[PDB]
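Take a look at this single chain in structure tokens; it is the form deposited without the partner chain.
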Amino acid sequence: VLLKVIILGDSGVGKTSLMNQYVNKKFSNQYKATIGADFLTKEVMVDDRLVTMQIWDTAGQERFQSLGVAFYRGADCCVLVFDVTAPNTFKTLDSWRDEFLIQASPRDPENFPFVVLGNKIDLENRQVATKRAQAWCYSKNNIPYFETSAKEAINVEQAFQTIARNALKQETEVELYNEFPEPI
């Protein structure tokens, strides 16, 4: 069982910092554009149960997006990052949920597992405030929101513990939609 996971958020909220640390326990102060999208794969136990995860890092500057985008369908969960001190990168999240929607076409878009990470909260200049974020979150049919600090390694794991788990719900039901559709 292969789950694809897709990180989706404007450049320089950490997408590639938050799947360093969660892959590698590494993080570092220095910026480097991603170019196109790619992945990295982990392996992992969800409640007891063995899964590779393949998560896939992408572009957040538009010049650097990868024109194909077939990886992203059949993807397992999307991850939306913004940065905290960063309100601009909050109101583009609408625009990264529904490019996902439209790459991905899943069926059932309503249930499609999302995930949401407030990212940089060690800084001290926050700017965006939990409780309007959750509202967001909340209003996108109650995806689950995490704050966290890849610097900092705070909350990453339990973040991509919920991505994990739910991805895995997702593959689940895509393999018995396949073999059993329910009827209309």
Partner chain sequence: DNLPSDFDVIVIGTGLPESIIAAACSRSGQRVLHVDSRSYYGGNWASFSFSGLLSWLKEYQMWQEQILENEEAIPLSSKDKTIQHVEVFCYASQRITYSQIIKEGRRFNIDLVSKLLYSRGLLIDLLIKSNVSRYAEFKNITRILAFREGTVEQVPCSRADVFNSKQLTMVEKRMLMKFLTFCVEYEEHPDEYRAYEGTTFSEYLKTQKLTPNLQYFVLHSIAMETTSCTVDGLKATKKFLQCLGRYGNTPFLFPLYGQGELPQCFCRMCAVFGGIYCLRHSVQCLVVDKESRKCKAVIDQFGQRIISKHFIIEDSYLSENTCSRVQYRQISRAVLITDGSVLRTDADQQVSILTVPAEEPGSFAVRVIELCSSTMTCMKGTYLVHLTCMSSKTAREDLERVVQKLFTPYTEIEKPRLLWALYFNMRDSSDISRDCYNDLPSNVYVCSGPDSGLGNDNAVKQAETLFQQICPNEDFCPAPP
Given for the second form:
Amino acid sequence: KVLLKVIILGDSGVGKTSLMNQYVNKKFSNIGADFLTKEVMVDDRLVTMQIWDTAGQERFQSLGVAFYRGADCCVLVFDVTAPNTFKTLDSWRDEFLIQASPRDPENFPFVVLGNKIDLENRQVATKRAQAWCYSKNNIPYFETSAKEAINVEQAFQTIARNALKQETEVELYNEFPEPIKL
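Having seen the form deposited without the partner chain, could you give me the form solved in complex with the partner chain?
What follows is just the one chain, with no partners and no other molecules.
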């Protein structure tokens, strides 16, 4: 059973928790988010995707190091109607690199999600975001709506694929056996 650890980063209120719930449970709410798992297909291969939620620890920027360990893909989210959340994207990416300290940093899989497109007053332009993602080693960009379930399943397809590639490279270098789980 190949297992992929995905974490969702970004400022409070952009929809990180709703995006996780929409993907996995195909539901959207109007109170105990932790981490969900889903058996997904990545190019004809069945894999277990484990998606970790910040449990609100980002509200006051208090996510500790243990949250980041072993991550195979880091999802960065911003609210398309809130330019402020788009501007912090660089800080969260830098924070992931410092906290997770992955091998071959510059090639780590980041995926950017411009969420809440269902809202009629967007303020961050698609072109402007695509450009930013491009200036960071051509990071894949997707515009989503956790509420109207738009592009969510599609975005997680590349997240899964990119996370599988990373974890596979990680296992290739791993000389140690599997650790014990209680």
